[PDB]
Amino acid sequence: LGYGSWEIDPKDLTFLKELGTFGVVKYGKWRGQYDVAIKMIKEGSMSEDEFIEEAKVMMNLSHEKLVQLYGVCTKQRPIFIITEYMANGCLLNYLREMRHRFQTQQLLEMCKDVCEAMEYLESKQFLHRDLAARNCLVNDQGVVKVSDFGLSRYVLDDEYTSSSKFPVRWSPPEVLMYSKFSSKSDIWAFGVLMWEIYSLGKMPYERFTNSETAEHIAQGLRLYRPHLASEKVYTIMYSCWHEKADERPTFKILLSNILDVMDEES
């Protein structure tokens, strides 16, 4: 009583460990048994009513490679967003841990995991809008999942919203010049993410400012081949960066290309 299907009763949460500091993220349990992460939204950081309405839509998105939304806690402030627990944290930090000594087949599987999530979203006409390694999460089996999908829409802090904390390094020319978002801006960002994976978490355009990156990209220049990427892998990531948005592949085509490489570099 008093809760929609999208609504979690905060009294059903057991908090166990802070994971990091939108605000704080904690690890805990739901109804004693189910591991969860609980993102606590800072007062004033988000358009909450719009987010709540979107959450209803988001609860119906379901795919193995998309972090599963369990629901939202709306009746008090700060509001909470509750997901499955991803024990190995952010993809970006995971990549940067040199101890893993990743084989390129593992890096390719990470790309494939994300590509599968993104093909699903594309099939639902849902844009991510801020695809990057910092946003992807890794579970205890090393499976990568897409997280924070669409979330940028409800952030109120203007520095994130338009072209000084905007994702310049993951944005195609039409976004940086004209604010033209589309499926093909997610495709661009995916290619940059493949670059992040194959670079073991280097910052894209690591010696440039955002300002310089925007100018580089606008002039037609691109990220170059990470040393761990084969010529075929680099071909895939590069195809995501065509100057013409409609010459960029779809996520279905990218998935087929990644599967082909996996098979050939098996």
Given for the second form:
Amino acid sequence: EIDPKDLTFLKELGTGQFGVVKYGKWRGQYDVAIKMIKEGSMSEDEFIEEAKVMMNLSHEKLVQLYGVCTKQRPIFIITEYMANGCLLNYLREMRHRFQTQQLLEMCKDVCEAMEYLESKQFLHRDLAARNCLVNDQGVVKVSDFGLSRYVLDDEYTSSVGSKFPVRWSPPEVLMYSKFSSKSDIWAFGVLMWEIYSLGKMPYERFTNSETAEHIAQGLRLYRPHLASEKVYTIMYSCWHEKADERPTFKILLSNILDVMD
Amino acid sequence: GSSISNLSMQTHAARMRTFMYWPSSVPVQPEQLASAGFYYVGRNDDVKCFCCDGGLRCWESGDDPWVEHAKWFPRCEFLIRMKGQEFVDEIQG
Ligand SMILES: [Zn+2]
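The form solved without the partner chain done, now the form solved in complex with the partner chain:
Everything in the complex follows now, all chains and molecules, and the chain you saw is the first one.
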């Protein structure tokens, strides 16, 4: 529990999911990000209790949660400051002229965070480039892990919804809402595809409803031009029809390290 | 002190023709974007204002092209002329 008086607000970062995010200082001169939760957007009592579980998650490639301000409204979410913002926008900025080795380390960083989360039996539930962040050093970190459990917006909750992550969902999630470590594996494969496609929308020429019916009949994301045949085999293994035939994040990490150049 | 960035995209119809190969995955319609001074550059969901050269991407469900234009490009001459200063300052506040 961080005291709001022991926090400064210097610049506005954005207005993505949950509301406004601001840059500021904490104890004295610690670089922090303050996520402010918009009224009526979150199952607040349920998030406060889960925050205590989230505080104990500590990994190099996982966005660190320093604390919360819950003794006032709006609720403040105090985290690690990521100067280069969401991965999706970072990929879409063509000026970067990324090397495929830089694209592989972005995949390595996410896979390491997801291996740590899997070893703690924690599910992300919404893994995608939009939910990953980039710091000052170009390091990619997993953010907003398990947060969809507290979103009150009906558009994000329903599988046929306007804001449901259809393009990152396996057949068993769309058809039966069957969530498991294997639905996090599927989304990771889509995230690997987004990275090698430089932020292209998966199944761009399809609507959410067209995507849902085509993946159920075996349609998969094509090999991105920047992805080698070996890199494509890794993301492709995430999309097996049978959930139990998909690798763990431990297997995927060894596969990624195996093709490092 | 140039007023227009793309003269070939000054008419609503010229901006509409660019949206021919507009991806069906984008939760915003060409007509709404063209009205707000935007045209498709041909890559992903990237649009550019013909007047201020303001570029916008990663469109979300419920996005109003006029609101986003005033949010990220408040000094746009086209935006002020069509919506008035009152509307611009309202989005900035
Ligand atoms: Zn403009």
